[PDB]
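Got chain A sorted already, so can you dock chains B, C, D, E, F, G, H, I and J onto it with the hints?
Residue strings, one per chain:
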Amino acid sequence: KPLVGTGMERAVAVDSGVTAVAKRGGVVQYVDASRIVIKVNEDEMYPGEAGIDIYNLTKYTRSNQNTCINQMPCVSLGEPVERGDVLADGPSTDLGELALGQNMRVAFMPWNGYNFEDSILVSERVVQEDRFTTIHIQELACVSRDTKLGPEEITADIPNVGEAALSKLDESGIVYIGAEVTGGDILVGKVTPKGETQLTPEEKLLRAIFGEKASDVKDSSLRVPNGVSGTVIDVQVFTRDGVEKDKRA
Amino acid sequence: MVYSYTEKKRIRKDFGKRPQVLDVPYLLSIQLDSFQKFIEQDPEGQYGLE
Amino acid sequence: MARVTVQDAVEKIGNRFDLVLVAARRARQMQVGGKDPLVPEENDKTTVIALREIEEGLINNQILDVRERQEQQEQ
Amino acid sequence: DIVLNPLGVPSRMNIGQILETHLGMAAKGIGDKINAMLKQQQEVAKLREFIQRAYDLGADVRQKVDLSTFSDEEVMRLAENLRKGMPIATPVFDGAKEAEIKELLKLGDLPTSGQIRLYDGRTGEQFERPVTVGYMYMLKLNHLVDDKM
Amino acid sequence: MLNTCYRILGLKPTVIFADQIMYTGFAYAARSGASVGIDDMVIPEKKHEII
Amino acid sequence: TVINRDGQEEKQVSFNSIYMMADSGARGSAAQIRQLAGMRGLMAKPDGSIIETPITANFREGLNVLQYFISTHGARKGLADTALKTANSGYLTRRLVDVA
Amino acid sequence: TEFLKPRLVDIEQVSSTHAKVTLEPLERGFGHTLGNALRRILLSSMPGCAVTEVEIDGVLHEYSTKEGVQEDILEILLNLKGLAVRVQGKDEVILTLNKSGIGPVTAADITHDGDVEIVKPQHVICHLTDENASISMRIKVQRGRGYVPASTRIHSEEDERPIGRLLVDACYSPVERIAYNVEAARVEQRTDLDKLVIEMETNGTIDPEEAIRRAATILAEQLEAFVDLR
Amino acid sequence: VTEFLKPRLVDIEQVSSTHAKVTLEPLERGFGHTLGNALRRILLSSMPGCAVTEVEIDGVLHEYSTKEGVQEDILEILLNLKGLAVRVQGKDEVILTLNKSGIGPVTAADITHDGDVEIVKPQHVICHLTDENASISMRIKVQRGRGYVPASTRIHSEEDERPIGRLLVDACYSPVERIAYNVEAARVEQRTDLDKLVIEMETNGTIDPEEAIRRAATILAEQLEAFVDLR
Amino acid sequence: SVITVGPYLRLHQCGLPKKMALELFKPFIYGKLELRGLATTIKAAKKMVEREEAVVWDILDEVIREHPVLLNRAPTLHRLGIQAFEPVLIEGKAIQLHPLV
Amino acid sequence: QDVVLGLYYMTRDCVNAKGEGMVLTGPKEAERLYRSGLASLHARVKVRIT
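Taken in order, these protein sequences are the chains called A, B, C, D, E, F, G, H, I and J. In terms of full-length UniProt numbering, the numbers along the first sequence are unbroken and rise by one, the last being 945. In terms of full-length UniProt numbering, the numbers along the second sequence are unbroken and rise by one, the last being 50. In terms of full-length UniProt numbering, the numbers along the third sequence are unbroken and rise by one, the last being 75. In terms of full-length UniProt numbering, the numbers along the fourth sequence are unbroken and rise by one, the last being 1243. In terms of full-length UniProt numbering, the numbers along the fifth sequence are unbroken and rise by one, the last being 654. In terms of full-length UniProt numbering, the numbers along the sixth sequence are unbroken and rise by one, the last being 804. In terms of full-length UniProt numbering, the numbers along the seventh sequence are unbroken and rise by one, the last being 235. In terms of full-length UniProt numbering, the numbers along the eighth sequence are unbroken and rise by one, the last being 235. In terms of full-length UniProt numbering, the numbers along the ninth sequence are unbroken and rise by one, the last being 453. In terms of full-length UniProt numbering, the numbers along the tenth sequence are unbroken and rise by one, the last being 553.
Hints were generated in silico from the structure; no laboratory data involved. Be aware that one or more of the hints could be misleading.
Said to hold, decoys possible - Taking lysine to any residue pairs in the SDA-like style, the calculated list, with each CA pair at most 20 Å apart, reads: (1) A:697 x B:9; (2) A:909 x A:898; (3) B:8 x A:784; (4) H:200 x I:365.
Looking at chain A on its own, in the form it has when it is part of the complex:
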């Protein structure tokens, strides 16, 4: 939290809408890492719609500038709340109060040159606490080209790939949820369609081995350009009306 604030942090964290604001609250029934339910108060109540309200906590999904959004619960179990009280904690939010950065112990001195005009010298304990460790969620947007000739579906079983890379993929060219891609690893199987090459008098052995150019000549895998490391989060294969993508999704 900001130890030195202006009182505006709570108002911004309650008015921005990034945190879940509890309406008609009261006795809290069940809170886990994804749902919050509240038993309805006896003060105000709809006839027939007394019920409970569901608060689905949004987990780590991709935002616009490659940031993660998370909603940590505030009330654990057994506490009355008010209509207007906060329950979730969004990005840069500490218990329904806006907490953008973090404060540290500052020494005002000239050092041995490591701070020249406005430079910053930090400690190793900040690295030891895993402090401001940024979590960047990027998008893997796969493409399956449709041509005038050939099938349209992108499937599994791509040749010229070692068995060490094929072990981390499931069927139809998708990896398991929790597998780490590091640089040139395969997250999705890119497939060129079987058109444009079946009416070729030449290259019959190439069509027998690595048919219809399933891979490129010399390129990297289609996950991230090289220099990264990290695990997958969520797969969002959305289907078409009458497309037969049951085995992948």
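Chains B, C, D, E, F, G, H, I and J alone, transformed into the frame defined by chain A:
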């Protein structure tokens, strides 16, 4: 500490000397005012889609 | 020996511009092969060796011309 | 935890950074005294008078908050909340003066001018010109040096 | 001082002179430890009267 | 900030950081020490006028809302100098290389 | 003029986390010098014990959470990073934690091993607010000297790992606050005498006398090229 | 674990016996500054040595003297007798004299030969007297001690105007004159953030500086000898 | 890269990041692994770069040892905007510069 | 402003500091600054400077 059922866990020591009458607004009246003027229907023929 | 300034090599032959081409045509024979350096290496590259050979005053245009005619006569 | 350069201070004109630093020092000093009272495991009434003296002693800041609304519960919860530092809310234009900072910082057993005498970790010599240490709220921006490769 | 060192000693002593001046300036500014506090900034006692 | 000595004329010229930076003359100049302590004085407006009751306080004391609202105009005047005349200064050097 | 010899005497204990060690027979020059030496050697080189790898069966990666816990798995791993443990070990130390029901599960519910000893039974790493929900994890503890990041851990690449084993960093830092100051020893046998008292705050993992003696042996074994001829 | 890093550069970059530099190769972080400060505070503050602490000046024993025609202020005589490297054996205190006149600067050959006192160079001048019919005669006295002594924290007074005794002389007991440590950045073939300890020390004479570093190592091992685990 | 300060490395020297300097001299690494006989083919050298073992860092230390470089900001209004220095390996991704330039 | 402030604090004079009348040779004025009893901002003392 009985304002919004969350200040009781964390008391902020306020240094505001001058008195406050008007409270803090919703901070989204500018974004929602034209939306609640355009969508909500007015039987009087002014300021809307009607 | 990390060379700071090549100015002491300029005291022998003062142009500041002949020194680059003279050191280059001296060091191509040591980089390709068929030649031995007169100064032993101090765990450096051939550039610092060329700067120190110009600084010691052993190689100039006349010595390079005589050694070039000697290598053309020997081949 | 962090050493910045004061030489930019007469050019960047940041006296509010200095007062935020000296006020965060007193805030974390009060929070550390609360943490020490929690680790010593004192009674409820001894920590209660300290919380009352920490939340009433000052100038006319007109904040009429007081205890004896809830008693014998939820005091340990706020103690564990504010054991990492005191959330002092200082407004912008009608906020804190220097006398309020001094009268609040005398409660945390700290010197009034802020000049806390430091030592060295490299040579061990006692530093002259006693350094005004404190606490500043730092941020990490969007730009990354590995993204600019 | 650096100008007169360049004029007198030439080019070879003045570079190690500037480097060693930088080293001792860094090593003694680290031992100095100058801070900017509220006691350093002063208010004139007649200022309001002047105003 | 003096050593243990009294009865002198100058009485131990102080060792605070701002007077050391002002007397050293490297980056600490009097034009910003007077804006830190004392009185800030007038500001800069691109229209050519100025107010008739300037800033009386300093950055040590608490300023008014109108004082900060008028002191914003100095930053508004001084900020626009950076982006302007860069391409003209490049084009002058362009022509001076193109002629010589 | 002959030297005296400083020996470990008059230890003082305030709590299970605090420690006070006094060195009474000291002379003039070795007051601040040995204090800075012991401060710099107690903060750097200490063979300790910390949680390194946690193989959990419920979730497959750290960003997905189990249905029935209150906090996320990231803060659970950060709490497991702060967990201290006392074990001698034979290069293969692993433990588990299994308890179902509504309520915080303490560190005393860890299955007791002949070498693994929990230093703090009041430490709680779980947040469960659900009925009949079970947890199952395989917590690995190895030994090290300092903060080893996860960058150099996966850079070796000996074997592949199964999906579910979360690798976290380890602090190995029981030395949160070390201070020292020289005072008057009041021995009054000869002139120029002073004492050196060190206030060290630990977590009870390594004993203070054993840690100071081990750090003294570390500082003594640095004299390898200094004693003999160069 | 338990196997730390050790230096490997035994290659010495030596100068003559009044100046020396030693280097260290791959010692771990948090050890270059530590051992550098330790060896500096041993080789700067705690060294058993000997120097000149009491001179019996004949003639006028006030603070301002005419020096009977040497044309030199007595502060410069006490400065010339301050940095004098005199070997002293197991005898703690010894008193000698000097009797030399004529034409020429006063060298170190005026002190008579003794079983403990040995002077390696005669070029150390003391007094540049005027070449006339004048003679100088003073007694020298050295003692063994430790460290440096200030000019303030000393004995009480001049013993209530008693000029039959001699004044107190500030002495540099340790044979060091200046010491510096340089912590450079080196690397192992895997790890890249380590140190090089370069010790640069100026010895006044008659002591091998690497042997002085060895004596500092024995002093550092003597203070922590009873805190050892293994042999 | 982002320019930082380095309070050492006398005037004709500056810093250079590790993962940048491993890549900047890749044909020089290939040529010196061909010269020393450590890599037989070019694909063996490309694999030894990818493995990042200790002898590759030894060859890289032999490369950067007495080799110059140019540091060159984007506004060069005069000739001293680009200056030649000597790289020294710095842990991280940012460049340490001499303080007085 | 770094080396400048360091050399400004280095070559700054004071009145009635600790250490007075430094009859020294070498000059070697850093050794008594490092050990004890001498500050670097002392008064006018007469040292031998070649």
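Checked hints:
1. A:697 x B:9: holds (13 Å)
2. A:909 x A:898: Distance ~14 Å between residue 909 (chain A) and residue 898 (chain A) Cα, so the pair holds.
3. B:8 x A:784: holds (17 Å)
4. H:200 x I:365: Distance of about 18 Å is within 20 Å: holds.
The structure agrees with every numbered hint stated previously.
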